[PDB]
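Starting off, we have a lone chain in the form deposited without the ligand, written out as structure tokens.
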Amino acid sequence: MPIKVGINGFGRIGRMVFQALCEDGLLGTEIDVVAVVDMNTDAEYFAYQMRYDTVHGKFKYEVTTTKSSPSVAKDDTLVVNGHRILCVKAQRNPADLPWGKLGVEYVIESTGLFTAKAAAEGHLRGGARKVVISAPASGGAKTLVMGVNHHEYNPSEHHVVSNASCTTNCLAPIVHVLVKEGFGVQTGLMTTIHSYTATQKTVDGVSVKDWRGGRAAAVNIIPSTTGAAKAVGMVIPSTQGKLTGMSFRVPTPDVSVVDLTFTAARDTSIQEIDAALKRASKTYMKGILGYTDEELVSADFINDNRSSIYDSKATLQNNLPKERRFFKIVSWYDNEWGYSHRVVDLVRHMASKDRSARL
């Protein structure tokens, strides 16, 4: 019985994390998804939601439904590639979930409701050993970004952790290479051109806390403040205070792009920065940061499981002739997919390090 995982919340977020783990060949062999929790109990509806994705395509594993015991009123178990996964109804308090009863040690917290560390602590109270929140968190709760600071994970200090946000997983790797290769970042402003999300609205509606955010998403360019760039200060502490940014939400189904403008801490050139991103992508950042030097458009990154894919041609063509300090770096991300794979990545690293803490 390998790593024992539970997913709390089985909306699009939980769903895409599950399929990211099936995609990396982890189901039933490296990770056991014991259960999934949601307010919906219709397993046939979940199976359907898992089989067809308007942007990602067709799930490649068969998904059937069954009954945990012949008593049960209706199917409550999803069967994915042979593996039985139980559906459990959602609780107001995570401390009520039957984590312990189930044998689950790691909880992927994807509901979006238990983003504060002490709210998220409830899962450990219910029997779980570790919680990975699949969004930014508050109340402290180590924020960890794979390929950037994930070695700061300390098995019994960090029980409840944040995998950050999809925008921060795109930008952090770029900033990380800029700092690690010696260019440094004195000041930087980030603009993310963002595909719509599920908190947006088909037609102008009501969004009291974000007035622009409530307007019709598929026919507008909608500005929004965002915390992703300031959040990079948690994972790359030298940048606190030096970086902030904004989003413009645009009418594409998925795939987003970061437009980073920044002043380097030493004289350099867009060419040396471009060679360092490529070198990093092939070595220490492999699987987290890639680059393209082709003429790609957003559709071409769909299903890319890298966190950040540097656009070499867009970057080399639109920077200032012989500039030594003031540069623009363009990098893409499949806002839904790379992040999901990183959630799984973070869960495995933690497990690996946890098991190591017992050796």
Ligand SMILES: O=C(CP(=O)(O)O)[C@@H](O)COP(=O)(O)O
Given for the second form:
4 protein chains.
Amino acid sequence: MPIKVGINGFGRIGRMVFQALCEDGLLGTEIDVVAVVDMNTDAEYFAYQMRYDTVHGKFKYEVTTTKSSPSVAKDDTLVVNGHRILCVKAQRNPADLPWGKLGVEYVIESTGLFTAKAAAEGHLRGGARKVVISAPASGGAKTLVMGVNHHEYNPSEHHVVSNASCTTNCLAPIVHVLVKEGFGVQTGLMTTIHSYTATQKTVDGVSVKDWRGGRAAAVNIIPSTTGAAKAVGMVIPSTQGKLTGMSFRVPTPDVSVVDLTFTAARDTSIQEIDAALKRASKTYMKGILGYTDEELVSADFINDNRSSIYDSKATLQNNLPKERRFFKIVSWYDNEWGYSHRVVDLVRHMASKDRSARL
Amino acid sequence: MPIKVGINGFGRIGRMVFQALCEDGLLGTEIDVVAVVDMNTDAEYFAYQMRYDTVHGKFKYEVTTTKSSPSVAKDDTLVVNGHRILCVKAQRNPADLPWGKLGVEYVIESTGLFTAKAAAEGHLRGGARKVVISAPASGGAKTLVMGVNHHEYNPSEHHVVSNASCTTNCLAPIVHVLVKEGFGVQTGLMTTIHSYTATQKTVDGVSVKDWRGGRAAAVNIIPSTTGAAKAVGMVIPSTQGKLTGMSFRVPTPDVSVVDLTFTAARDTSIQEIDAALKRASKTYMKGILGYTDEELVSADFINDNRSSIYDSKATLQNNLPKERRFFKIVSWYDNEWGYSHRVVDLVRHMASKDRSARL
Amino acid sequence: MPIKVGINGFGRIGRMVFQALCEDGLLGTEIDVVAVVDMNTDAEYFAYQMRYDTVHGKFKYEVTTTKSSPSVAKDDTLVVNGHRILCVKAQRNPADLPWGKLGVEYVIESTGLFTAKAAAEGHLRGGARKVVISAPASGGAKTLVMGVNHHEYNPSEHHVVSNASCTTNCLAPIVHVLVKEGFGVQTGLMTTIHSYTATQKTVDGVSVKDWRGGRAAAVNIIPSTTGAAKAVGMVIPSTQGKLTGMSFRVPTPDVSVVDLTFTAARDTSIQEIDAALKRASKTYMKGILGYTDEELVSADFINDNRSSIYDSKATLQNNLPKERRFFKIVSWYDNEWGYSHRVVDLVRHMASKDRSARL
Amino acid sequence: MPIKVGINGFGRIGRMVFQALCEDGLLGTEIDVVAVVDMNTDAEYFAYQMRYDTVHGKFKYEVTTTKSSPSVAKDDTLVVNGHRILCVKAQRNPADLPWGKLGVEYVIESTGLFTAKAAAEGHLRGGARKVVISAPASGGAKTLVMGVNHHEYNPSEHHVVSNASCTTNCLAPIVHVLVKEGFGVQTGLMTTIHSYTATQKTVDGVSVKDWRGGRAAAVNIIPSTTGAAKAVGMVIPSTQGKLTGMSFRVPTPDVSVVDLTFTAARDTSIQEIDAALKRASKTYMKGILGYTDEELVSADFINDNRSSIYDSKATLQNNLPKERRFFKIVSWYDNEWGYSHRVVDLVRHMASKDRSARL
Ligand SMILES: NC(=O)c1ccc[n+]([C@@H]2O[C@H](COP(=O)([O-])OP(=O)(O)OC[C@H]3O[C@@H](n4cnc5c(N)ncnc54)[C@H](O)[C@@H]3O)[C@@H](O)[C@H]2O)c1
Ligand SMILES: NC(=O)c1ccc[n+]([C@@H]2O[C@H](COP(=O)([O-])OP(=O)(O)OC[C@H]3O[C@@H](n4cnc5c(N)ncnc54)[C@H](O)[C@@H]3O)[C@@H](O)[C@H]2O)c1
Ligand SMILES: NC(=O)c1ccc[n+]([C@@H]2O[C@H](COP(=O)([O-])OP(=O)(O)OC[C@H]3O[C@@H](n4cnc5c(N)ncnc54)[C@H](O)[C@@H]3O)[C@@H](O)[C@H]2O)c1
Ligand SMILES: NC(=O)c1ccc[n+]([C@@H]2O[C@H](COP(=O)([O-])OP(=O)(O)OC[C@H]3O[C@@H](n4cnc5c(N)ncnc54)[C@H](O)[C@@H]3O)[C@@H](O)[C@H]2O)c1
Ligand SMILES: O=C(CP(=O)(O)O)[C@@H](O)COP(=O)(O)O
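Okay, that one was the form deposited without the ligand. Can I see the form solved in complex with the ligand too?
Let us now look at the entire complex, which starts with that chain.
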């Protein structure tokens, strides 16, 4: 049966999560996106936005609009291949969404204004049954990372959960292979050369929550603390309090890369780690962790759906020779694409794990 | 006696205006900046923004902070070499600004949200006498452009004037020399290759009133309609209805260039015009109109304070040989820097004219 | 009847011309690439450059490499979809290439160092029949433009042609409609906001041939002269010495746009001109001239094979109202994609005519 | 008797060395630039390159040109603030240089073509006394990093030395304070988020010795194996085989930052370290090592002339709380400016030393 989904806040990620569904072919098939919900309800504008993307190209499916009722000014309904997505009027209080009336049970919370466990739980009153925050949450919300711990998901306990962050979903799969393969992680420090995002600015402007982040983004290397490496602990309890790291926001519109440096728990070799990474990318991490041994550069990872793309050649070429513990692993990720697909995955995995618990 | 000034909206232009004041040694002499206003009153953060500038480099003059009164939580007063400046809390409604209790009579309206004669008049009700809008205004506000029509200022008839746009300010100087030297302007279409600004988005974001204006700002040549060229009709009435243009927002944090095409009212030559422009920049347009004959690029115009820098070589080298009517005039400008010096130039003018009206 | 082609200068445009063939399913079938050529003969590196592209995405046809004789040090054969290409050794003189023995009659000269009639003719002495200069030629080389004058090709007269400049291929299609649709062009100046190219520098460098051209490309707006507006006269004589213009190289890796300002021979409106362009694009200029009525930006025209894409909105919205002679036309173009496609088009047309020319 | 220096290879770096040299106010007084040597002799084009800079702003001193002898075709003399500098015609062999005749004892190697000890020795036979290669050198040439080991300069032993690279001059000061202050370095991996350089390309082009380095510079994050780290084992032998790292070339014209990670040789805290670096910057590292505790971004380091600017905030905030061995240190540097000044520093040092050993 179709999954009645409702996307909250049809922004950059909102549109990427939706386009994820389509790409994978889950529209009007496995997932029923009953309604999206951003600032306005100008379906014609929503069409244009989905249709054209500066970095990800032109949407592969044709988009069109229509009215939900002949008594409407501008088209208020989006049409993607027979399926009809409604654009409802945004809200300030999730508890005031027509989710119940619309028939939505799973909402993807991607506004960015409801990452608080209880704030997102407002969608439940609205009539939804499960919510997935497309970012790190707070309030004891369960954090799940596909291919790492999504199986810990519990249908009767977890109703508001987080898919975590783009960087966490990129780092986690590497730390996970390391620990599961027995290499271990004593202590680790990571840096992420990250492409600027919507939170940043075009020219120097006011940003009281992050002074460096208000500076002209496309012409600066902006440092920033991140809780991504420390969030790995939530997903891999064994590495709790053992990792941390920063981020250097740099002048590229999309795609980033993880720079991990850690000390293995036991003696090994970089060749050994390299081989363990590739082996899992083809097995238990397939579709989540991938790798490459080609001389690629950020642009080559655009539209890659893996959560983490290990860079074999950058890794094998920049470590200490004969070193048995102090290592560096490099991995790429399209911050927008990969994560967006993981959002659909987590949601799907939940619906299936929710079905079973019932019928 | 110095004139009490207050700057509403301390950003790109609010700050460059201040830096221009310090630079020309006017602070504490011709002008007494009583206070600035933005999001909060954290002087310490205001210092940081003033101290470091991504495009204009380190603020050459020292800046520290203190408290207006011990009963204040964090510092709220900026101190630039003895000159103290108060950081007031932003106001949703201009009429709610404590001007009359501060002593401020002139307020440079640069927040960007009160360009409507009616909405900007709120500064008068707050307790101020005059208000200069750092952008094209509406509502009847008299529009003045230094070196072109700024003498049409009526001390008693104008209380909320518009210093025009940055572009109008680069164009006017030229169209004035043409009209004044008798070259005349039959018809003209301008195109400004404008570097992006704060109203643009780092990544494809929401922008309902200007769709293309929402697409990624540092990786796209974004077209846009502009009033700048038309506005030249308000400063030089004989051109009203003869010009109009557009803007292409390209990937540069500062400095723009006007590409003016037009047909003269009489038979002339690009040489005659070239020589007319340089001659003018050395005479009646000195300070306002500048010009170069060197192989310059945008960065070379960074921090140039003129309103228009005629590019001799670009013009002469790219026109039709022997033509006597159809010409192209290229002229650069630091959309941030010069225009800011003009805002100060304008206020100063208004001050003298207001001092000589009742005296 | 696989046409015989030999690409000399397998670089930015050389590779694009190749990916141009494949895209149209002409490889092996209509056209047969015997052997390409650049500095080295490393097929692994060639294959790599082909597989991944920063602006145009990933190559859609698997590429592998083999040998032609085990006596070779590294793979020197480029197998693209079953069809195999040979990587010949670069020469300082076009006449030194084994075109004769290689059995290569047509040779797409895209090195950019032999835009001279005689120079490129070195290809004919090496054993080749026809030589197309994927760039503006000089020395009495017939310049053709698909959809504007390409039929002027004399199979038995023109053995060396010039497919003109990427800019002329965008302007001409536009001017061609104006002249033919009876609008006429009295005088015109054209400016092109062009994105940087391989001839520029990453950081300030030496460029004695073009001082401005030797300045940090990705952070400046470099002015530049151009002969594309003047070259139209060689393709549309009616305009001889009636058009010219410049270039403005901005910070973008690909896609450029024309901004033609001109006066019509007779009276009209922007509507009539807009209507003619949309008409011509759907009829006698289809495939060459296209148009858009959407809020598009630079990146949206990435991979557009048309030569000129007229921007309806940007044109109707930025001209003088009720005006009858002075006009501005805004037209886009993927300076890399479209052009490359025209190169193949001219090559296939020359074959079609060469064939029947004696058969 | 001011030192007679001659610059070999007046390129991006030859200038920076001369501009830095002028900045310190040494031209004519302490040092005396006799003549510079570059491919071309065009002095008007040299004065241009010296007059304006895309990143470092405009040269503060006046630059004009003349002729050394009335019997000279074009200008061959570059006159900087009164001081006279001759522009000798370049060469491919360091021997064919008239250093001795020119009376040049100290020549600065920035051509980037003679980084070899044996090769660069030509100057010596060219009558030139000593040679400072402004880049990593081979052939077992002595490396010297100002503030780290420049005191290992033996006049009668070293006549052709290397000033190491820009990155090493950033890492060395940091590692030197760590080793000399008791912390020690057991193992360490560095990463430099580096801005693109001249060796990179605007758009995807041919780069056989570095494939990723051939990709478009201002639109990608290009990884790269680096030596700087390992080259530290030459300046601080004790770390021989203990360090290494890579590089991420990001979209910025200038300014880079070093992100070093390592395990101390004893127990400490990120505070002890932080204090030790600040103490050193104020004492024995003054001028070479500097630090900041403000919220800085790359643009804020433009024109800083220290070799390493430690980022106190970025460091203290991104290390594991209570950690004792595994640490991250973030340090900035104007990869162009700092190094340039160091080159002058090494030369000034050598001089004084040579004066006392000879006198
Ligand atoms: N790199 C990425 O794009 C990325 C990757 C992973 C996770 N995330 C997280 O996902 C969230 C969204 O990120 P994004 O890149 O899409 O940002 P965005 O700013 O591009 O998208 C957020 C959208 O929310 C809409 N919005 C705001 N308030 C709303 C409201 N009350 N109701 C409805 N819509 C509202 C806005 O119009 C905006 O388009 C953030 O929490 C971010 O940290 C982002
Ligand atoms: N930067 C340019 O090129 C430029 C040139 C000429 C004219 N202008 C005009 O100047 C004005 C400001 O432009 P800018 O570049 O400085 O933009 P900006 O965004 O950098 O400056 C606006 C500032 O006002 C503050 N602000 C917002 N609402 C406020 C309120 N209610 N009260 C007080 N402060 C408030 C913001 O925090 C911000 O710092 C606009 O009207 C713009 O059109 C800009
Ligand atoms: N890319 C565009 O926008 C564009 C569009 C139309 C026409 N053109 C014209 O096409 C020509 C090439 O442009 P491009 O963008 O491909 O430049 P490019 O520099 O990227 O490609 C030229 C390639 O030729 C190779 N080369 C140099 N000398 C050679 C020789 N003797 N033999 C074989 N290979 C050699 C180089 O390795 C280089 O990669 C220029 O003349 C340019 O004016 C460029
Ligand atoms: N500023 C930096 O980023 C930096 C820092 C450290 C080391 N380096 C190294 O220093 C060297 C120069 O650096 P750069 O920034 O000037 O590079 P660049 O490529 O910008 O400048 C090199 C210049 O050398 C000139 N040249 C080449 N061969 C010559 C010859 N035989 N005679 C005279 N002139 C000649 C060229 O005109 C060219 O412009 C390179 O080897 C570089 O790797 C650069
Ligand atoms: O990448 C992120 C943090 P990092 O750069 O420190 O790894 C992620 O939170 C993006 O958030 P946005 O709110 O969409 O900017």
